[PDB]
Every structure is written in C-alpha cells, then in structure tokens.
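Now for the letters of each chain:
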Amino acid sequence: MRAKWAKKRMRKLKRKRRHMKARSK
Amino acid sequence: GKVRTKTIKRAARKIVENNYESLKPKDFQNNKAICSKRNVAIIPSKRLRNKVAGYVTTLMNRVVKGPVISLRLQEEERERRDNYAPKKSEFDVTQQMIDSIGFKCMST
Amino acid sequence: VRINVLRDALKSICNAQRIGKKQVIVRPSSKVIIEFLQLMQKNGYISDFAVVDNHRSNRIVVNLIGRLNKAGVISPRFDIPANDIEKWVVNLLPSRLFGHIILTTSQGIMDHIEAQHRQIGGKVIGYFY
Amino acid sequence: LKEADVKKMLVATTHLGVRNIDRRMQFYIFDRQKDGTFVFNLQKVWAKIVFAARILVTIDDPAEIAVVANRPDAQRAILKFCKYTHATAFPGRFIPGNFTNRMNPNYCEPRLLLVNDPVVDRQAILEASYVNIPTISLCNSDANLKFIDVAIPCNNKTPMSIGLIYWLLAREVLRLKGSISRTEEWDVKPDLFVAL
Amino acid sequence: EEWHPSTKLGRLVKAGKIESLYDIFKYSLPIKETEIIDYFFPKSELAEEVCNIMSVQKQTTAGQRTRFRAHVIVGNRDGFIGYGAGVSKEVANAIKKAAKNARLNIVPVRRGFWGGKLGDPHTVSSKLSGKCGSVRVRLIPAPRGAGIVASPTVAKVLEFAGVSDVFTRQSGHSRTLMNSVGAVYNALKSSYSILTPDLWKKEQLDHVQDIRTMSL
Amino acid sequence: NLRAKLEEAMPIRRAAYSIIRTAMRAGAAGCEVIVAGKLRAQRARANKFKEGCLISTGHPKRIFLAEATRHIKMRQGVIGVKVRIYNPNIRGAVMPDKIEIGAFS
Amino acid sequence: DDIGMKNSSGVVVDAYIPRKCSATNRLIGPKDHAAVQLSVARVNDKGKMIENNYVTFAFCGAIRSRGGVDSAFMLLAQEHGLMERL
Amino acid sequence: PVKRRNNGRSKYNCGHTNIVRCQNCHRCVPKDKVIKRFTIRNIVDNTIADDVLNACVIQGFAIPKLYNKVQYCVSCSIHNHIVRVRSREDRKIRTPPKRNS
RNA sequence: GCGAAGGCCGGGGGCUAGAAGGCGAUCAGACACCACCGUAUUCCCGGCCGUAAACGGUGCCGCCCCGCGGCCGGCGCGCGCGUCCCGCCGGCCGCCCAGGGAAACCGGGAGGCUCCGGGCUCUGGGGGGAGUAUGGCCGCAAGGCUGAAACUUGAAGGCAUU
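Residue numbers (this note's numbering), protein chains in the order written: chain A, 1 to 25; chain B, 26 to 133; chain C, 134 to 262; chain D, 263 to 458; chain E, 459 to 674; chain F, 675 to 779; chain G, 780 to 865; chain H, 866 to 966.
Honestly, I wouldn't trust all of these hints.
Stated by the list, open to error - Derived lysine to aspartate or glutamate pairs resembling EDC-like cross-links, with alpha carbons at most 16 Å apart:
1) D:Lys345 x B:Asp107
2) D:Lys269 x D:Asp453
3) E:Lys547 x F:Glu774
4) G:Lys810 x E:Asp481
5) G:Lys827 x D:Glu446
6) D:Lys269 x B:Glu115
7) B:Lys62 x F:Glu725
8) B:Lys31 x F:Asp771
These aren't lab readings, by the way, just hints derived from the structure by calculation.
Hey, can you work out the whole structure from these sequences and the hints?
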C-alpha cells in the first residue's frame, strides 16, 4: 500500500521534525 | 480424419436431390458411374468424383432409411396431408364465461 | 418539502402529455395554477380542465389534446421591467414570433404580449410553449 | 356475435390463456379460474378478429400481407390461411434481415405483418420498425405490445386454438370480400388448418 | 450499367408515381438506394462536402491496420442536408462510401422565419437542439442581416441547408468534428417533428396519396 | 503498360485501377497489382490494389494464373510493379475443385 | 386555417407537412421509420361488404414501442364508428 | 468500474455482517462474500459403503451420512475451482451449474 | 451528542489468536511469505482518541415517474379454505421500456436538464509541490481539524476498443 507507506514516512518525518524543533525551543 | 469437406458434401447432396432414382444405397460403384455420367455432373479429376460418389452412398442409404435435400418423391405425401381435412371434425363438436357475454352456449 | 406547487403540476402535465395520456391529475389546487391553465386554454394548449373539491387543497384533472411541447416555471419569481420582457423571451421561448411567457402583473396573470401591449411588467410565474 | 363459432371456440380453448397477465391485455380477460388460468372474454376475440379483418381487407394486393410463425404447431395453419386467402408466408425461422437487407434471398417489402407469437417471432417485429410495416399479432394473456399495431388475444399456444383463430380470420377476410357468402358455411374445414 | 430497381420504392420512383423527394419523407419512407436522391435532383447533381478524412488503427498480431474514415455533408441550399460516414482501406473508397451514405440520409430542414415575415424563409423556425457524442449544438433563429455565425465546420452544414441566418451555440468536444456535424444534422433532422402552433388544424390521412400503398 | 504509365507520372491509385479495369472489361476473374518500393516515403511502402477473386496456391495457379514483374525506375530509384491475373475460363483446362452440375435431366 | 406557416402576404410554405400521429397529435418526422399508417375498411349493411372507402390513421413508432396503439386503435376506431363501440 | 452490482456481497440493509473463515486459507471473509456450499456425503467411501453395510452386524443399519457446510474465500475458491472465472455475460446468471448434493 | 478497528490512560482479567520479539526451513540474500514459540492487544469497567475503500465510492426534504418479478411487516376485499386469491401502505431487492450518460452503466434515477430555475447545506476548478511549511485550536500522547506559497511541468485522470 504505497499511499499508506508514504503517509507513515510523512508521519515519521513530522515526529522527528517536531522533536528537533522542541530541542531548540 | 477422412471428414468429407463441404465441396464434396455440397456436390453430393445436389446429386442425390437431382437423381435420387439413379443412385442405389449400398453400391458406391453404381453411384460412381452415375456421378461420372457426363450429363449428371462435370467433376474435374478422379479423386473428387470418387469421394462425391462415396458421400452419395452414405447419403442415399440415409435418405432411403428416413426423410433426412427435399424429396419430391416424398413431397406428395406431405401435400396430401396439407390438403387433408378430417371428415369428422374433432373440435367443431369457463362455463359461465358464455353466460357472461350474453349468449349462453350449453345454456344451463 | 412541497414548495413550488406549480413546478409539480407542470412537470406532471408535461410528463403525461409525453406518454400521451389524455387526462392528468394535479394533487394541490392553487389560484396561480388555475390561471396558468386558463392562459393555456386561451392559447388552446390544454383541451379542458376541472377541479374536484376535497374540502382540502382541491384536486385538478386536466384534459390534454396532445399539442403541448414544454411548460416550465421560473423560481424565484424574478421582477421583470417592461423593457426586459424582450430579453426574457429570447432565452426562455422558442422564437420571437411564437410561444408564450406568463408574468403575474398588478393588472392580473397575463401573457408576455398582453403586458407588452399594456407596456407594464411583473414577476415571471412561468412559461408555456 | 356468432353463436356457432363460440361453441367451437370453447372447445378450441381460445377462451383460455397463460396465468401471467400484462396491464395492456387486462381489459380483454373476463376473470380467472381458481387454478390461475385466465379467461379471455370470447366476444372481444370476435370483435378483434373482425377488426383485424377490416384492416386486412384494405391491402389490395393479397400477398403484400406477410405471415410469420416459427411455432411448429401453427406452421400448417399459417400456410393453410395463406392458401385459402392469398397472403404471402414466411414460415419457420425468420432468416434475419428479410425486411431491411435488400439482397436477402427472401427480401420482401410487405405492407402488413401477421406475427403468430410476439415472443417466438421477436426479430420480425423489430425489423418491421425499420421499414414502416404495421403489424397484427396473435397474442396470449402475458403479451408485451411493443411494436404491435393490433393484437388478437387467443390461446396462442394450443394447436386447436392457434389453427381455429387463423380459420376465423381467413373466413372473415373472405366473407368481408366475396368468396364464401356472409351467411352460408365455408367449404374449407376448420380442422385441416390445425397441425395434427 | 444503367439503373435496375432493387427496391419496391425504387420501381415506383422510376415509374414516376412519386414526384419530388419530399413526398417520400412525408410518408416516412426508409431510403436505401442513392439512385433515388440523384434522380430527384439530376441536373448539376448537388453539392457534397469532404470533411475529416481520418486514419483509425485497429491493432492485430503484427500491428495496427490503417483504415481511412471520412464524413460527408451532402446538401443543396433548398432545405435538404445529409451527413453520413464511411470507413474503408483507401481514402478514395471511404469518400465514395461516405458520400453514398450522406446522400442516402438527406433530410428536410424546416427553415422558417424570424419575427419579420416577407416571403423568403431565412432561418431555422425555432431554436433547435441536437446532441451527438458529447457535443450539443443550439440553432437559434436570427435576423436577416445577421449571417451564419458559427464554428467553421457547422457553418457549412447550415449553408448547404439553405439556412442563410442562424445563431449557433455548441458545447462539448466540438473539436471532434464528426460528432459536431452530427449534432447540427440531428437538430435539423427533427425540425418537422417539433409541432408549431400552425400545425394545429387536423386534416387528410386519406390513404389515396400514400407512396407506401402506391402499387405500380 | 503499367510500367510506362507509372514512369509517365500517372497517379499510382488510378494507374493500377486502369489495369484492374482492363482485366474486368476482358472479363478475367480477378486481377491484382502490388507496386512496392520507395512509394512516396523515405522508407519502403507496398501498395496492393486488387479487384475480384484470385487463387493463391496449389498446382492450378501455375496453369490458371498469369504473373508479370517489371522494375520501374522513377527519380527515387527502383520500384517493382507486379500483375497477377486468374482466369478459370482460359484454354481447355478446368479448375480442379469445381464440380459442374447444371440440369435436372 | 391553411395548415402550414405562411409569409406575410400569404403563401403557406412548409413543403413537407408531417402527418400528425392520431393518438398523440404529434407530427411524424422524416426519418421516423418506426412510424406507420394503418387503414381500417368500411363495411356495408349488406354482409359487411367493403365500400372501398377506408378511414386511415398515422401512428408514431414511440407509441408503438410503448404498445399504446392496440388500445388507441380500439378507441380511435370506436369514435369513428369502425369498431363495435360497445 | 463496478464489475458486480452486488459488489461481490449479498449484503442488503445490513451495514455490517458477521465474519467467517476460509477452510484452507483460514482467511477472514465477510459472511456475504463467502462461497458457502452445503455438502451431504457418506461417512465411509461410497465405493466401500456396500461391503461395510453387508458386514454391519446391525439389521437395517443405514450407513450414516456426514452433513457439513464448507465455506471458502474468493481467492481460496478460485484456486480450488469451487467457482470459475466467468465471461461478463455469464456472470449475470445466478443458477447452480448443471443443477445441494 | 454518537462513532468500526487499532491506539492510549487508570482499574480488572487472561483461554485463544496474536503487531513486537525469538527461533526453523527457504533464497544469492529473506532479517518476508510457510512452520514453531510468544509480549502488548483481543475480553470487562471507568475515561481519552475522533479516524476507515465510515462506500451504495451517490447529502437531505418535495413531486412526477413502465412494466415485470421475488421478500419482510401491517391492513383490507373476495371465495373453499387456505398460512388461497387480489389489492393497499411502508420498507428490502432483482430485471428492464422510455429517458439519460463520454461510456461502464442508472433506471424507486445517475430520468423528467443546452427545450437548462422546487427548496436547502456541503465540496470541487490540470498534474505535482503538499496535506508539506507555518500559524491557530484540540489531544496524555499518537496525532486530529484547519491550511499555504515559492517553484516545477504538458500532461495527469475516467470509461470503453483492439
């Protein structure tokens, strides 16, 4: 399910991006 | 694999229809002479003639055994039935449906 | 819910005429409906009409001769200046010479030509061609 | 209202029909038997045969009228009608394209059509639409009237009804003309119309 | 070669029982032989139109097979227009087949008048709608000064129909001209079927002048 | 005649059809023409024009079919005209397949 | 009443005047091949003999496809007198 | 597009339906989609049934017949040839092939 | 306010199945499918979440609407009379004539609509970028809801035919 797997990669990047934002908050 | 082709079958069927009288049921050899007759058909080559006559033998045996190419020799009987009128007519000779119309057949 | 009773009526009238059925029945009787039918009788589009009373809405049976092409309503009733009954005929009627557009006017429910003679205009009730 | 015919029709079973009834044919049926068979009113059948005969008489060339029937039971009868009358015949299979293919071996342009069974003779009815042929149909109680000008309601299945109906039509067309006088009996016998 | 009637109508047509093409379209006659359209307008024949020669391909084991398809707008400026389509291996066979089809389906145009009446019908009688494929064309009556303002292709159909003035409105894939010309033709074909208030007096139906009852 | 007509710039379609007509006027049962080569394209194209029924194989064709090949030489280069004509009615030989039945007696 | 459209001077035009289908009073088109014409003869007092005058009607294919003609025929003829009105 | 108007499921006025299992796949399929055959067959092989019956000391003991229902998933059935891929016209027929055994 | 499943957070309970995790074959690799074992979970109770190919991929109320069949409930008519026959009303369905559509197909509508207007809400406007960035809110989280642009590109798509 490439659409499903693509939204899982987006969700992973969005988790890492929000976490990195928090380190520099 | 000896399946008589339409070319052999079409010619053979016409020959029985044209001259059912000339042909005989168990005789390929008589049929070959009738088929080879200059008047009956012009078959170029020996093989086609030999085969067409073989097909007439089977077809002739079949059209003598039963009406299996129309047979005028048998059409008269069919025509006799076509003109046949039973002398006593079976059908010339729900109950209240006639009473309903107004004229009562089998009144009462 | 049932809002424009005329639309119901005319749709059943056009549909019944399409299959040819000689008589069509309209469930609610209205002054505006009867007047559209009277205009249709005046131009001969409907053969005859009668209203059976139920002490309620009142029911209408319309005798159709078989000569009606289409009859429609315009919602909402748009106010038409006497100047604009020119433009409305062009987009809502088949040809300038034939076909009828009916507008409610203070003088009464009248055809486009009659209100063009009086040089007055009202709100469109609907159109019968 | 021929009393002599109705007794014969009662034996022939033209009064009876299939249990399914179409809305179009509802008018003709008087009622049903408890078992669900449907009783066509017999006088409607008479006022139908005569009505078809009046239409059929208008065709000045007799063979312009074309009869079709794939139903083996009625095959003798359509031919017998054609011999006693002078209509043309299309018996057995329809050889599709007869009406609209000009080079069809049997290509005809009839002015009238006689379809024995609306369902059994389905192709002919559609083709008659393409070439402006109005069509008369012998029909049952469950008969769709698609592309049928006039329909005669008979048992349209039993051999005795199917043959008798054609006999009634043939006698009626001739009686309207000359041939057999309106009052005297026909020399042709109803029985020879029915196939066995 | 000459002419031998393969059609009962054709036999009557050469026999001269029927005069004019209109009477055949009155009695709703199916027309199968092009010889009846040519014989009705023999002198100078009539104008035809080459439109949309096309090259359709049907794939087979070796590959696509190219067959040329052409559409023809046969018409003369009297109110008779026929559009027909023929597909054949060569362009020459296709144009001839389509021309034969276009002549076969010649249909009567009501033509008609705008508000002004003088004596020359110049426009379609009423707004006319036809849909072929995805395109719907609307043929609206126009004033005599205004000409045929339309797509270059449907303009010709309305000219080869003697309709000097028309208001056109085409919606859909008009670029698919084969469908576009069909919609104009379909609108024109059913112009007599639309009933105007003038056709409201019942008359005739006597059988005597019918071309179907006519036996030569 | 075809090689001359083609070399004289007569159009390919008409020219093959003129020959096709001559066999039909003569009554020959089937004529075909397969001009092939750089026919109006950088690549080679083959234009086969044919009218009527033509047998293709068997011993009969050797003694019942007429074949002729010419090489035309237009400005483009070599083109290959071909004509095949089949007549069942030629000299005193019958196509072997057709049995001839004509009368009741 | 001159059926047909007329120019201001007069001169009814409309060369093809279509036959109005009898049941629906709807004009029959040029290519209405399904549309048909049926004539029913007139019968004399003397043994229902044909008098050679027949009422005829035009019937559109659309009514025929529905099947409405079999009942329309009876109604039209009944009023004409042709059929036994009953 | 819609290959089947029933969408592959005899589900009408339901919203959700019970779940069942492919006998071999052990897949989970909605009850409506499941092939569902009912098979009644002899407990012993029919070839050996006569000899077993004669050997059966009991007078008039009929051989017991097993009664079971076999349900398979679409994928499972196509491989096991319980149902066959059919032409677009043949799909519309809903009657058992060659006339429950 | 309600909302499948999975998830969560406090309490239970715990067979089975079983994401993770471990193994055993396979294969070039297999760490995937197939076997074996097995935690979270599944089950309950109180909360949270707020999503599904949540689909019938078809908003809701209103009218007209062509016949033919089945099924469920209520009622009525008639007769041998039976859970019969025929309707009516509300559903659940199949097949379709018209009509419609680019078709597949809808036809109790996707009809009555280029001859376009019953009422009322929601959404869409070539393909990506991107459901991303950022801002708001909501959530315990997971995330939900809202939501770009710069820029890139001449195609993306539907249904049918071979």
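For each hint, the structure was consulted:
{"no.": "1", "hint": "D:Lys345 x B:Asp107", "verdict": "holds, 10 Å"}
{"no.": "2", "hint": "D:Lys269 x D:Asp453", "verdict": "holds, 15 Å"}
{"no.": "3", "hint": "E:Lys547 x F:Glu774", "verdict": "violated, 35 Å"}
{"no.": "4", "hint": "G:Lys810 x E:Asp481", "verdict": "holds, 12 Å"}
{"no.": "5", "hint": "G:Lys827 x D:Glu446", "verdict": "holds, 14 Å"}
{"no.": "6", "hint": "D:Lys269 x B:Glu115", "verdict": "holds, 13 Å"}
{"no.": "7", "hint": "B:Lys62 x F:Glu725", "verdict": "violated, 36 Å"}
{"no.": "8", "hint": "B:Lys31 x F:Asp771", "verdict": "holds, 11 Å"}
Of the numbered hints given earlier, the model fails hints 3 and 7; all others are met.
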